[PDB]
Every structure is written in C-alpha cells, then in structure tokens.
Amino acid sequence: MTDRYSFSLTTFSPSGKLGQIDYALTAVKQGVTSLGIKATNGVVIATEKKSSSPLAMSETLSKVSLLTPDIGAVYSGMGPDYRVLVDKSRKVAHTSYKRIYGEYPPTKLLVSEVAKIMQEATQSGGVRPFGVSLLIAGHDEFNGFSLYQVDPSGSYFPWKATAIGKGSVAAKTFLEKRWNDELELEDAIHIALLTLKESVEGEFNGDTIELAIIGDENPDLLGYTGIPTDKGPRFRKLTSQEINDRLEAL
Amino acid sequence: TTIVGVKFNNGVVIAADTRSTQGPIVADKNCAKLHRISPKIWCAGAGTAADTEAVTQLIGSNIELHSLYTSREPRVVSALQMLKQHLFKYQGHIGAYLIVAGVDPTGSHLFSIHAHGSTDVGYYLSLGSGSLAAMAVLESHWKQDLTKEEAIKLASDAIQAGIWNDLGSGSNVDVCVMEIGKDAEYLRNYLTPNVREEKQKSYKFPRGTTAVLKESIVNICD
Amino acid sequence: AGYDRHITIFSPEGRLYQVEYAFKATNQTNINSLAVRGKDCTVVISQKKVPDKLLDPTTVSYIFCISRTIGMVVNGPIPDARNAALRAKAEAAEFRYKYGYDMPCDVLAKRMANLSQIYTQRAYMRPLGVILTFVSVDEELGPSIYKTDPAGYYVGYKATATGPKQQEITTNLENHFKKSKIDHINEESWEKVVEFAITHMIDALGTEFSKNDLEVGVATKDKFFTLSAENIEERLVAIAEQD
Amino acid sequence: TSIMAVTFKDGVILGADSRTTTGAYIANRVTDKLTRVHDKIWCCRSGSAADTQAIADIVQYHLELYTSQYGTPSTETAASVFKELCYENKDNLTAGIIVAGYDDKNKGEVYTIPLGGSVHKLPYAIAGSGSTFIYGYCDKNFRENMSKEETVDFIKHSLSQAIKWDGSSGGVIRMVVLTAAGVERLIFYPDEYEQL
Amino acid sequence: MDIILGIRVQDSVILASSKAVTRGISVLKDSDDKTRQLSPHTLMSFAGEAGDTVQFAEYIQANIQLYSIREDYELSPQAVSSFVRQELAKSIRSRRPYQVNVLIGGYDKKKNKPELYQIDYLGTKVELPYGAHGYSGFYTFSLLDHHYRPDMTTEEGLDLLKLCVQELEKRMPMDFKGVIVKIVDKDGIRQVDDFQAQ
Amino acid sequence: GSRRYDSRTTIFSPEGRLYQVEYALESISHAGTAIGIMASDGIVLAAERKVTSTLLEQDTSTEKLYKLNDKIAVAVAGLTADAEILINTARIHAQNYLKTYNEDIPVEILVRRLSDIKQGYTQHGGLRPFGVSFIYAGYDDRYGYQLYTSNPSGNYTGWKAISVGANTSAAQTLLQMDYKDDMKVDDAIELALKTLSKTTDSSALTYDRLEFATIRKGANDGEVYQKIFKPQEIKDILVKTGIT
Amino acid sequence: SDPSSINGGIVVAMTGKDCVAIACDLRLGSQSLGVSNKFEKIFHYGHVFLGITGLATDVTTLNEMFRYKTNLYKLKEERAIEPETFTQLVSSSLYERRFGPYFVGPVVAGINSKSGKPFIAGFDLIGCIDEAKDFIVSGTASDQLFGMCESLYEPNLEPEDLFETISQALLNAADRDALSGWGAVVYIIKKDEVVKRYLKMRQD
Amino acid sequence: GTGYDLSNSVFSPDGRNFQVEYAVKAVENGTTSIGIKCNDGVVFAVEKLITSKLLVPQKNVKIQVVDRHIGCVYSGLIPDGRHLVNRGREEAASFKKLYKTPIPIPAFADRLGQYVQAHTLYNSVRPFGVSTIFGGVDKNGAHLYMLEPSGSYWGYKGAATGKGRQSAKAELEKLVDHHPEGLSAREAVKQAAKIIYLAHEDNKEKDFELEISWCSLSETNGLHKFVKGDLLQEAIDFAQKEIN
Amino acid sequence: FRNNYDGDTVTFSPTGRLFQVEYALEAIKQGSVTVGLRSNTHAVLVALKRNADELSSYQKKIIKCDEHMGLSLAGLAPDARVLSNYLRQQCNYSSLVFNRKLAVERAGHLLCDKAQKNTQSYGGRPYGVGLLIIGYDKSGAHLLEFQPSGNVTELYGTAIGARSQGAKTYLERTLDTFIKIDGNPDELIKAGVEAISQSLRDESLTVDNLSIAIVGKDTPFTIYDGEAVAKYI
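Sequences listed follow chains A, B, C, D, E, F, G, H and I, in order. The numbering of the first sequence is the working numbering, which starts it at 18 and goes up by one. The numbering of the second sequence is the working numbering, which starts it at 40 and goes up by one. The numbering of the third sequence is the working numbering, which starts it at -6 and goes up by one. The numbering of the fourth sequence is the working numbering, which starts it at 3 and goes up by one. The numbering of the fifth sequence is the working numbering, which starts it at 17 and goes up by one. The numbering of the sixth sequence is the working numbering, which starts it at 85 and goes up by one. The numbering of the seventh sequence is the working numbering, which starts it at 773 and goes up by one. The numbering of the eighth sequence is the working numbering, which starts it at 498 and goes up by one. The numbering of the ninth sequence is the working numbering, which starts it at 639 and goes up by one.
Hints in this document: simulated from the structure, not taken from any laboratory. Check the hints yourself; a few may be wrong.
To be verified - With a cut-off of at most 25 Å between alpha-carbon atoms, the simulated BS3-like pairs for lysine-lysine come out as follows:
no., chain 1, residue 1, chain 2, residue 2
1, F, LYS278, E, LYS106
2, C, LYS17, H, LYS522
3, A, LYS108, G, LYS848
4, A, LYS248, A, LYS66
5, D, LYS109, D, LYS150
6, G, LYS810, B, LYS253
7, F, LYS314, F, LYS278
8, F, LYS183, F, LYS244
9, D, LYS150, C, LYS216
10, A, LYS214, A, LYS183
11, H, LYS556, I, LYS687
12, C, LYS42, A, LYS67
13, G, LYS972, B, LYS243
14, F, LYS151, G, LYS972
15, A, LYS67, C, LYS172
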C-alpha cells in the first residue's frame, strides 16, 4: 500500500521545457473544438457533442457545465479530467468563497481557484497534469461579463473571443474577422454557430451541438419568489429546439 | 420563538413570528426565522439564532453541491438526514430546533428536528416558546385535506396565538408556501398586526444642542 | 525516456498507454454482453463459459447485485471485477445512509468513473482492467444503462454491448433501432425483453445458446435479480417456438 | 414509552404506543416507535429518541451492506449489530432496544437489549417506562405458540394497561406483524383499547 | 500582587517596581529586579503568577534579541508592544495561560518621543502617560491625575513617583520592601540606585 | 517500487550546480522581459507581454505586474501560475507581519521570506522548483526605495536597475550605459521604455504589449503611492517619450 | 466573571437620509477602575465602519483580524469591500469560533458605494446578524440605548439632525451606565465625506 | 519497448500483469496439493517432500485451520501461504465479532480474494507466491475454493495445484464422471490419498509424507479435523494397493 | 536473466525466484558452521566460533531466549540479535500474559511470519542469518531450522554454515543412535562435537574456539565456552 510517489512527475528538461505540460497541451490539440465569444450584454460558449456510439444518449453527457448561477465552463481535451475539475470547481466556489462572504465568487477569482488546482498537478508528488483547456464564461456585479481560458499549466488569460482544440487556428482566424466591441448577444450566438460549422463534418444540428450563454437573470429559473434581491441565474444552456431555430436563420 | 408547519392537499406551509430577544429585552422586532435550504425546501428555526441560520446554510450549501453532482432536484429527506446527522454529532450543543418542509420529485414533506438530532413526521407541527399556544390552535382547527388557503390561515392563526399569548414571541407573521406544481412563495411579513402608534411628541433636536470638543474629516480614500 | 509506458503519465503524443492497455485486459475473458431497455425494465445478457469440468458452475458469474435496485455486469478479469463490485456496493450503501434515498444508477456510474479517473492521474494506482455496465429502473429516469471504462469515461445508453465481438452486437442493435424509430424495446413483460436480447445476440454472434451458455440479469421497479438456469431455459424454449 | 415483541406459532408481532414527551408536554402523539432495519427484521425503540434513531439508522446501513455481500442476515445477526453499537458506546447512549425478526428457517425470534448493552433471546419481551406496570399481567397471560389474533389480543390488552398507568405512554397502539406472508401494519385507536 | 508603576515624562519613561518576593508566610527576598531589558531603548516590567512571570519576560527578551540580530535593527516600542500583546492574547485561550501583567517603557529613536504601554494578561494594551497593574493604581492614580504634566522633566517625574510610593507605604497593607526605579531615554536604560533615601 | 521514476530534482551535478535551478533559469530566459529602475524619488517597473492577439482582452488583464502590499509590487518573468502561488503566500506574509507588529513589512524581510521558500524546493522534498524570477519594487521607512531580484535558486540581490527574462544581457548593457544615480522617476520611465524598445523581438513596441507601474511619493501628500498604468496611460507615456 | 462586563463600553448606529452615523464611548475600565479615556471602539476598512464592544483584548484582536482579511480582499478582488459583504465576513468569522467565541458585540455601518443605500447591522458573539432598518445598539448600556433610541429615533433624518439624535442617545445612555463614558465620538457618514466629532460629557 | 515485467502493477501491451504470471511459476514449482468436495463436506491433502531422514515425521504440518470450520492448504512459497492464512484468521474473527455467526465459506473466499488482488494493485508490494485451496461447511452446504496469485478464485468440484497438477486434475475429472450423484467423506479421504500418490510420480526422486484433513457435517460435526492414526493408515494402504 | 530482477525483494524473476532472498541465503553459507541435535530428553547446540586475528576475540554464536529455549546463528550476526531479541519478547509475553512457557513449535511460526514480512514489501531487506533453535517444552525436546526465506523446519538434528554438509550426513547416518541418548547430557554433546568435526577442514576445534549449549528435562538452557568445553575436545 501507500503512495510512495512523493516526488514531481513534471520536471524541467535541459532546454527549459516542462515535458508533461507540453504533452498535455497536445492532448488538448486532439480534442474536439470548443469556443467562447463575449458580447456587450452576454457571453456564449459552445462545442460539438461528438458521440462515441449512436447507441449512446448524448444528452446524458454534458460538456457545458454550470459552475455557479452566473458562471459556466466548457473544455477541449480529456473528458474525464474535465468532469472531476467541474466537481472540484463547484465545491471550491462554496468552501473558498460562498461559505465565507455569503455570495458566489466573481469570475476571475473562481478561474483563479481552478488555475491553482491545475497548477498543483504540475508540481505535487505523484500526479500528472490535467489534459484539458477550459473556457470559463461568467458574470459578476462589479466586473460585468468575462471570458477566460485556463491551460494545463494553470495559466489563464482573459479573451474577447477564442477557440481551443482541433480546429482552433482556423476558428481564431474566423473569429478575428467577425468580432467587434458592439455585438449584441444574439449576434455572438450567430457567430458561434457559424464558427463551429467549419469544425463539424457530420450532422450539424441542435442535438449535436452543445451551447450555453451568460446573459440576463432568468427569474423563471430561480425556483422561489419573495426575495426582491435574488433575480435568478445568468447561466442558461440552450435547448435543442432553440439552437435549431437559429440555424434556419443561418 | 413561535414556528409552525401545516400540510395541505397539494403541498406544505410554514410560518414564524419575527421577535428576537436577549433575556427580557427585544433585540430585533423583525427578524427572519424562515430559512431557505434550497429553492423548494425551506426551514423554520427555533433555539439559537446563529445555530439555526448556520446549520441551514451549511446543509444548504452541501445540498446545492449534491444536486449539481447528481443532476437531480434536492429532496427534503436528504436535508433532513444531513441536518440530523450533523446535529447528533454535536450532542445538542448546536441549539437548532427546526421545522423542515418542501416539495421534491417524490412529493410534499413536513418534519421536525430537535437539537440532539431526533426527527418527527407530521401533518401539523410547532416548536418554540410559543409551541403550546400554537399547538392549541392547531389541535383545534386542523382537519385532513385542507386547501392551500385554509392551511395558510390555520398556520397564520397558530403564529398569532403565539404572538399574543407568549412573551417569547411577537411583531409579525412570515409565511412560506411550497406547492407541488409551483415555485415556492416566501411571504415575508404576511401579517403586520403590531404597528406602533404614533408617538405623542417629536424628539427632533434643535441643531447645536450637543457640546462638541473637536471635529475632523476622516479619510476614506487612498 | 521510455517509462511513460509503465505509469500513468503523458506520452509525447498526449496518450496514456497504461489506460489503453487496461482496455485490452477487458477482453481477456472472451465473454460478450449486452444491455437493453424495456418499457419499464432493463436487461443485461452475458455469455457464460465454463471450460473446466472441475469448476462449480454456480460460482462462475460476472453479474453483480449492487443494491436492491442497481445491478452491474463486468467485462474483464474476475479479480478486478470483484474489487469493483465490493466498492460499488459500499458506495451504494453509504449514499443511502448519508442522503436518505437510494443511489441512482447514473450517480453510481459517475462515482465509479471518478474513482477510475483518479487511477488515470495518480501514479501509484493502476487502472482496473474492466468495463462496468450498470442497470436499473431509476425512480426519476426510468430504465437506465450507464457504462464506465478504464479511462474514467461514462455515458447513458439506449442499449449497449461490450466484449471481443462488441461491434457485431452493436451494429445489430443499431439496425434494430433505425427500423423501430424509438429508444427502447416496446414490450410490457420483461420476459419478452429478455427474449429479444437473447435473440439479437444469436443473430449478431451467429451462435445457438443452451441454458448454461448464458447469464441474465433483470432490473424492475424496486428490484434487480438474476435468472436461474431454469428461468433461462424457459426463455430459450419460447424463442425456439417462433422459428 | 411502552413497547413489546411477542413470538407466536406463525412468526412475530411488534407493538408500541405513540407518545413522546418532553416533561409533561406531549411533543408527539402519533410517533412510530416500530422501526424497520430489514424487510423482515424490525425493532422497538425506547430511551433517547436521538440515540435510538441514530443507532437504527446505522443498523439499517450495516444490514443493507451485509445483504449486498452475503444475502439476507439472520435476526441473531441484526441483534448482534445493535448490541455492538449499544455495548461499545454504553457511556454515551441511552437505548433500550427490542429486536424482532422473521426468518424462514428460524420462524419468529425476539432479542432484548437493555441499557447496559447485553443481549437476551426471549419468547417475548417488554420494555419502556410503561412496561413495569405490566410485568405481572404479561407473565400470567403469555403462552407459547398463540395464533395471530390471540397474539394481537395479548399485545393490545398489555399495552392498553401500560398506557392506562404510564403518563409517558399513550396515543395509538401500533403493531407490525412479521410472518412468511409478508409484513402487516396494525393500528388501534384509544376509543377501542381504553374500554378493554 | 507586586507593585508595577510607570510614568512617561517629556523625555523619558520611568518604571518603578517593588523589590519583595513573598512565598506564603515569609519574604524570601527584598532586592528583586522585576524587569528585563528587551532592546537598548526598551524596558519591560512584570507582575503576576509565580513562575510564569520571569518565564514570560525572558521568552519575550529572547525573541526581541533574535529580531535585532536578524535585522541588525531595533524595533520601535510600538512594534515591540504589539508583539507582546499578540503573545498574551494567544496565551489567554491556550491550555495553561501566562498570568502576567506588564508595562513596556520605550524611547522611540525615530520619533524622539518616550512611550509607555500597559498590557495585562488578557492582552489588553493601552498607551498611557502613567499606568500600573493590580492595586497600585487605586492608591496612586489620584495623585498622578492631579500633579501630572506632559512637559515634566525626569527630575520632576521621580519626585511625583516618590509621592506615589509614600502613599503606597502608608495605606497598602503589604510591606513591599521599596522599589527599584529605572529610566529609559534617548541614551538608553539606567537604574536610579539612590531611591531608598532620595 | 517507485524509486525507478524519481528524477531527483534536488541533487548536485559533478560540477556542483543544481540541474533543476539551471534548467528553470533556462525557461525564464525565454519569458517576456521585465525591467526595474530605481530613482531618488521613485521606482519604475516595466514588462513586455510576450506574443499577443487582436482578440486578447487587455482591459481586464494583468499577467506580469502584481501588487503585494500597499508599498510593495513585483514584476514576473516565468510561469505565471507558479508566480501566483508565490505571490499569494507573499501577500499573506505581509499581513501576518502587519498583524503582529502594527507596522508594514520592511521590503527586505518579505523578499527574504519568498527567497527562502524557493530555496527549500532546492534542498528537500523532491519537487520541481518554481519557474519564476521576480523583480521587487517597494518602499519602507528604513532604506526608502528598494529594488530586488530573486530566481529559482532562492538567491536575492539589490539593484539600482535590473532586468529578468529574455535578452537580459543586451538590456543590462543598455541600462549600465545610460543610468545615473541622480535620476528622477520621469527619466527612469523613459530609460525603461527605451531599453525594452531596443531589446524586443517584435517589430515595434505598442501599448498593448506592455505593462507599466510606478511607486512615487505623491507630490501633494508626504506619503507613498503605487500606480499600475491603465492601458490608456501606457498609450500616453509611449507618445511623450516619442515612440508614438 | 462576565467577560462582557469587565472593560465596559457602548456602540450605536443609526440610518438617515442618504447617510449613516455610528457612535461610541471612549472608556476602557478594569472593573470599577477606569483605565483609559481614549479607547476608541469604531474602526474602518475603506468605507465600511465597524464598531466593537465587550472584552477589549478581543476588540483589538478582531480589528486586527478584519484589517488583515479586508486587505487581502482588496488585493484579490481589486475593489474595496462593501458593507453587505463585510457583514457576512464578520458573521462567518465569529461562528468559526462557535465553542470558544470572542466576547464582543460588533456593529457594522456604511454606505454601499454602488447603490448608495445606507446600511447598518448588529451581531451577537457567535455571529447572528440583525439587519435593522433604523438603529443598532451594543455594549454594557444597551438596555439604556434601546430605551433612548426607541424614543429619540425617526426615519430619514438629515446628517446634521441624525448627529444630534445619535449623540443624545449615546450621551444619556452612558450617563446611566457605570462602566460607560469618559468621552464619546460620533461619525457621520455620507457617500463621499465622513466627519468625526468628539463630544463633551461628564467625566465620572 | 520492454521492461513491462519489472514492476508489479504494470499492464503489458497485451494487457497482462507479468509479475503475477511469474508468481504463478513459483506456485507450479511447489509441492502438489488437492481438495475434494464430498456430499456433506470437503477433504484436503498435500504432498510433503522428505528432504532427509532428519525431518521429524508427522511434525511439520502444512494444512491450516481458519476459525473452527475452515481448512486451507497451499503450494508454493510457504511463508506466503502462512501470511495469507493469518489474514484469513483476522478476517474471520472480525466477521464473527460483528455478526455473531461464523463466516460463510463464499464470504470467506472473497475476503481472501480481495486481499490477494490488493497485492497486484501497487508496485510497492509483490504478488502472492501461492495458490490456496480452502473450504468448509456452513449454514447451507459444503464449499471448495481455489485462489490464484492474481486474486482469481472459483468454487470447485475438486481442485489441485503444484508440480503434480495435471495428474491430479485428470484423476479428479474421472471421479466427477464416475460419481455424478456425489462421493462420501470416508470415500473422498481414500481417493485423496490415491491422487497424491499418483501425483507423486512427477517428483519421484525424493520420498514423501502424506497429510489429509477433512470437514464433514456427519463425520466431524462441521468442524475441521486432521486425519490421524487408523483412518490415515487405511487411506495410505488404499493408495499403496492402487499404485500397483 | 538474473541481472534485472535482483534489485529488491518486491520483484519476482521470470522463473518465479526471489533473488534478494537467495542472496541473503548465501550470507548463511559463508557463515561459520554450527550443528544442533536432540534426543527425547535433551537438545544440543554446538557451534564453531570464528575470530578476525589472533589478536581478536571469537565471536559468539549462541543466544539464550528463555529458560527453556535458545538458538545458534550463521550469517549476519546483527540480524540474529534482532530476531533473538524478538523471540525473547515473545517468550516473555507468553509468560506475563498466559503464565505459559512458549512452545518451540510456535516460536518457529512467529519467526517464520516475522521473516516473511521482509520479503513482500518495498524498501526492506530479508534477514541474512540462519538460526537453529532448541528448546524443552510441554511436548519434550525440539530442534528447529530457520531460513531467512521464512521456512522453519522441525528436525532431529541439522547443520548450517560453511561445509555444513559434512555434519549433516554424519547426523543422517547416526540418526538411530543419538535419538536414543536419553538421560545422558555428556553423551549427546559428544555426538554433537563429533558431527561438527565432520565440517572442519581448516583446523582443529580448540578451547576458546568451540561453543556448546544444552537444554532439557531438568536442565535450563545453558551455554558452555572456555575451559568449560575442555572436557569435550
């Protein structure tokens, strides 16, 4: 028994590379494309649901996850690594923030916490880095809307729009053409849907595309009335139908 | 403290007074004894105010995480099992006496929790120093198959019994209604039968009344 | 340079060989299995192969009762299968105690998948060489199949199959579902759903089965049980009376 | 609290009153003191509500794990798990538990676990604060291998006496009947048992 | 308790501390120095529970001396006193608390002011012109409230203490065997050996 | 067992150097250049954001300059994520010191503490060191304006001007030539920019690829002020010094 | 015996028209012996004001603790803490010591720099929040304060009227408490300025 | 590449654990030992090589009892077998402690299985160098198990392991065909003695001692007992008579 | 083959061997010889002691464990100190707790289980010493052979150490004779000393060179050295 691996599995090579982190980014490159676009009144994050069998039920595997009622995440790379990260992210938003200050963390802060968890897997004994890159979109009262990228090393950067994974270079070019500081949310949804069309070979519909937004408060999605200062979540996953509505207008 | 819980044909209602005291002195005339564990599971608390609020949010926070982990709406039996196990662990030292109610995929529920961690199930329940006044009214007017409006009335009447008759209770009535179809409605200050009458005189002072020794500007900025 | 094949660290391609190899072990027993959903039941079918005459056939199983409601069939070596069964049973019992209701199939799946994911990331734990197919009639979701692998992956399934001849069974079922246009087997009795499963296994594998060549588990509202030789025989007789 | 369990020809019956008091105030008049730890293994609880509940909750947990690995546990096994908790934590618990179960091989069995944590296998058992008043009565009227209705009757008369005299007992008489047939829940209201 | 008196004048801090050490029925010693020097311009007096008294004071002195070497610098009286407060405030919720009350008298070479800090065993620090612990204030404070001026010379300070000690020797029931007096100023810490018949 | 896979991050070479420290410094040498210059009345920190994009948000960013205290800041060259671990503990150290003594922490004491933490990852524990070098800019009332540097070895040194990251050879030569002891903050700013401008591997040095900060003594006060330049403010200061 | 009564002292807070005011006495005693007339019990972290009554050593500690936590807050959040948030922080900090609490009665007062809403709150030694709309009282003459405040207070007063009210509430309460007084101080707090006035009162 | 076989928990490219496979070699190299299930119990026998006249006969007992009703026998590294039996004893005590009833045989099997499997999960432990044949009588029958170094185990009609395993397995298979209605306890004891003698052929260079134990509902009262004196000699004879 | 698998005790060779253990066994073979043998009434250890120089002392090879039990060693002497020290405690525990003299059979089981733990775990090493344990308990006289693999064997007599095969055959040949030397201490020892003489090759066994111990029916375990062995050369 007993973990006898109390030394780093990620070390510096003579050139200064950190091999394991490089290798994890390469796992990310092979991953299905995901992307995020920031508008003036919202953010959209989107990816392809790429089922392993047509016998699988792809609504059971969610690639776009609520972290707090105002923050959402998507990934490219290793799916199971993402899933546990979402567990740890959700929890830390409570233990490191909500249980202390009575409110949900602001985006940059929660990203920061996720980044820390990632960094540590790059230095602690007997683990390998996480093989994912994340895009975290969210809102908070004092910073407005924001979109962040987090890489295996634990580095994070704020973006106006970006894409990660398989077709990320093509898609970042496509995004530089179409982005401006005046886009309304629906316009950004539109650009997301277009950008993604380039990456998908197969069927391209509301059942094969996962997409969520950080927009207005949805008081209908809160579950209770009577506290004027609780307005509902800003995170909303679109429905299969909502996506298809926007594809005919494509 | 007077707190009650009444089941109706399609849900459950809970209510509370709004007096908070330290010894014989009234500290808060409008405090909230009704607590949200999740959107559709609310809790009424008696005993130590910091304990009922803290134990509600600790469990609430874990319920939220549990809900997200399992992709399922929270259940009342979950909140109940979590609360009692925590309360038990601390042997009565966390002074939370709770009426826990809500609706979930399995139906509508109403339970009580004692500080030592025993639990009870019922159609009607009260706890607190107004417990007996309230229960007198409940034992008097409760029937099987109440309507939502009947249940709000009965609940509201029980809290009133407490307001008037128990020195431990007063001021207003807070209600929360959890119906199986619908969103939970929290009605803060559903009743306010204790408005202070207008004073006989105004106590506003002539400016300059107070002797000042020294005045200074405090720096907020950096 | 060449130790990235022994522990669960990244290869320069970004691969985890130890996980790939662990998948390979899941075929070591040369047993196939398949799961399908009824109107209100869930059925797992698995090949039973007892080559040694010295073996007590009644103790040879890869189907496990995890809780009153969840059943689990494994593809992989029996020692890793039993390791997984014990754990899942402990996890199902604990959940009930802590949260006051029965652990859902998908939830147990996620839990086992997370544990598997850890072995994927920590060096001192090896992955288990097993694939776990979990089945129940969930109280909120109805008939459920969730399957986990050495990578920590899991997903829900309309129906599924696993083993050396995974693919043949899969295409057979895929074809059925294109025709039938629904995501289940439209039968009120589980007896008929078992019957369907066995039938479609025969068509895909091209083999006839006797009462000792199979092993069947059935999940219904509030029970998961496994069939005896004799209950299977009764199913075999019935299939043969329509040919 | 007034509780008892009686083995008969076809199995075993658990019975209890429904009162829980804090002082002279009846905190609950409809309590269910007959607690299920397995399909056909039940207990009656007396002593501290929080303690007996917490214990029962753990025993339910242990026997659900046992069943998963080794199939159905015996009644003797259930009594042993209860005893382990009670004996090993005698300093911190106040629990007087009657374990009653039906087994196909063993028929009806009854194990009483008094304050210390000791186990006692018995043909019937009485416990709780109302029990003192019915020691004479029970000992004079219990016979081995009674019928279901004879047993129900014996429980009913017994508990109605205990309830009559103990202020800590009252409300309804609950019974759970444990046989090869399954599990039956009886209730008897004051208007009926008071006039026996 | 033992007598612990302190006064801050124009240009110095004076500490006066009783000389007696009593154990039950006998006075074991009549020349006890209830003081440690923490740094060249900071002095601490102390009174309370028998063992803890000196144990605490030497523990503080050791930490300050370590700081002084590590940094080749002398902490300000305010900084020393905050450290000392934190230490007592830790002690109060620990398993067996230090029952020690202290006066800190320091000359701040960077501000050129003298400073007197009173901290009791709970870690209750206050900064004052004059202070004491225990019963000492009850007898002396009305004299100090009356005569004290912030512009007093060191000489005037000692005269005012002389008065304070006189009142103590008249009305307080314990014979405390007089006081050792120490002055803390810009030049450091010296002892007034002529207080017996000053 | 496990011994087979241990890289041994904390052993000496036959020459007596520490492999991992050397390789981590090698990593840092490829990081965007950071510069600190100390003046009689202020300190400047300037850092060059390596490779950017039109789509990168610059308004909601600060990846190389971090505030430690009201009176101390750092500029980072190396792994950002590693740097945050360290920055965070350094922020904690400063407040423990403030809580203990009711005085802000002298700059050297904070730099020594961080350097000590780095040195530990060099001697015990078999973990890789942090791929990070810091420039420290700060003020206290003992030594006034100070400028320090620390690297993965856990060595720290004091400087009148210094660079870490890429092209430091080139940058140091330029700093040594034009730096004079009587300099004022306003000249220092200019020197910093000039130096980065001649040592960049980019075509030009635009505002979006720079972070900038100063610690001055607010001329209408008598006490110390830290200014992390807003994207606009960098754009302005880049025209005043004539690089438009 | 009673750690809440060793040192003495009071704090009161009131809301008015686009302003709040928070006030305290200056006494620090050791039972019957007055020790200091300069013991201020009100502190501030940016625009959030916290008053603390009760055991002096805990008053000092908690102030030093909240300075520490709000400093780290400002660094990570890149903005100053609001009163609503701070209140929650006081609450969870107190409850963390549930079975070994600080012997204190904290009071928060400030104006929310975004909404401009006036805010006050009170806490018990274990962190239960009382968010009254009108006034909050604390300390060894709190009974006296409740009586003064319940008569003297009216809603929406102007900063210079609120000042007279709170001052009179404080001074007449302290004068009926043996363990309060020796000086008083009143903060009048608006969106953009904050004025602090020391009162003249009896010294006995 | 290679080296897959140098470390315990490592999967080879074809999905095998080579160290476990090597443990199996240590087993094959060991003495032969068998178990035969009968219609109300189980019989265990083992071959004991006599290395010299110097070994006190009857004295170095190899079969071990667990609890009161379970017998175990193993071929391979003997100390490993002991370790495994020690654990089996703790494991059975624990079960009896908590559940009152003595541990059922299938339950017991699994306990050993999980522990053996555990020792193929990590490279800080070596796998077990034994196969163990074990069984007993419980509340509902008699059970015979054999447990491999991989942690694999099944229920057996009869079971054999060690150098002489093919002869034993062949002999065992005969018995199954010729007695489909069940063998008796006295019968199984005689038969056991036979199969050991027949298996002794593959190691015929040294002389051997025979050891038998049984656990039978009717013959031993469901308790595990060794076979001694008259009944032992009678089985030795039956085998000598059938070796010719 | 051997090259790659002999690094530690946690690694099996492809033929199923544990090299580290066999390497430990080899330290025994290079040890000085020692013999043990018993009748029905006594058990005897005889051991050849080895020195370094004519200047050095002869290193002891016999250690007493209780009044009724003791052993001789061959191999790493510190290891024998550890194992005999463990055995002393096991005897002691039996006495203090059960008021019972620990059976020689059981003492062998304990040593087997102790030794075995050091052959399955990473980072430990096997013991590099062999042991011969004699005792008189409730089932009479006994002799055991302990090997660092953990195999403990009960024998009428045996020998371990360099050239131990001489003594072993002599004993194998004399079996029926020495087994019957009951009630005669001196005669059993003489049988031991002769058997040990079969393993000499170097030189002849001298007064301060030879070590003998005995335990039996009315004899507590005692060790003879110096002039107290003169009567046996």
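Here's how the hints hold up against the structure:
1. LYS278(F) to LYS106(E): 53 Å, violated
2. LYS17(C) to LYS522(H): Given pair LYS17(C), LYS522(H) holds - Cα atoms ~23 Å apart, limit 25 Å.
3. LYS108(A) to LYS848(G): The given pair, whose Cα atoms are some 19 Å apart, holds under the 25 Å limit.
4. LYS248(A) to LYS66(A): 31 Å, violated
5. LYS109(D) to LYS150(D): Status holds; Cα separation ~14 Å.
6. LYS810(G) to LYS253(B): 14 Å, holds
7. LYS314(F) to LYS278(F): 19 Å, holds
8. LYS183(F) to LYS244(F): Distance ~31 Å between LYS183(F) and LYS244(F) Cα, so the pair is violated.
9. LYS150(D) to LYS216(C): 30 Å, violated
10. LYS214(A) to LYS183(A): 13 Å, holds
11. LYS556(H) to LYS687(I): Violated - the C-alpha atoms of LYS687(I) and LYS556(H) are around 31 Å apart, more than 25 Å.
12. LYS42(C) to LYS67(A): 36 Å, violated
13. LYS972(G) to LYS243(B): 20 Å, holds
14. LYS151(F) to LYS972(G): 43 Å, violated
15. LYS67(A) to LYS172(C): With Cα atoms ~23 Å apart, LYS67(A) and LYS172(C) stay inside 25 Å; holds.
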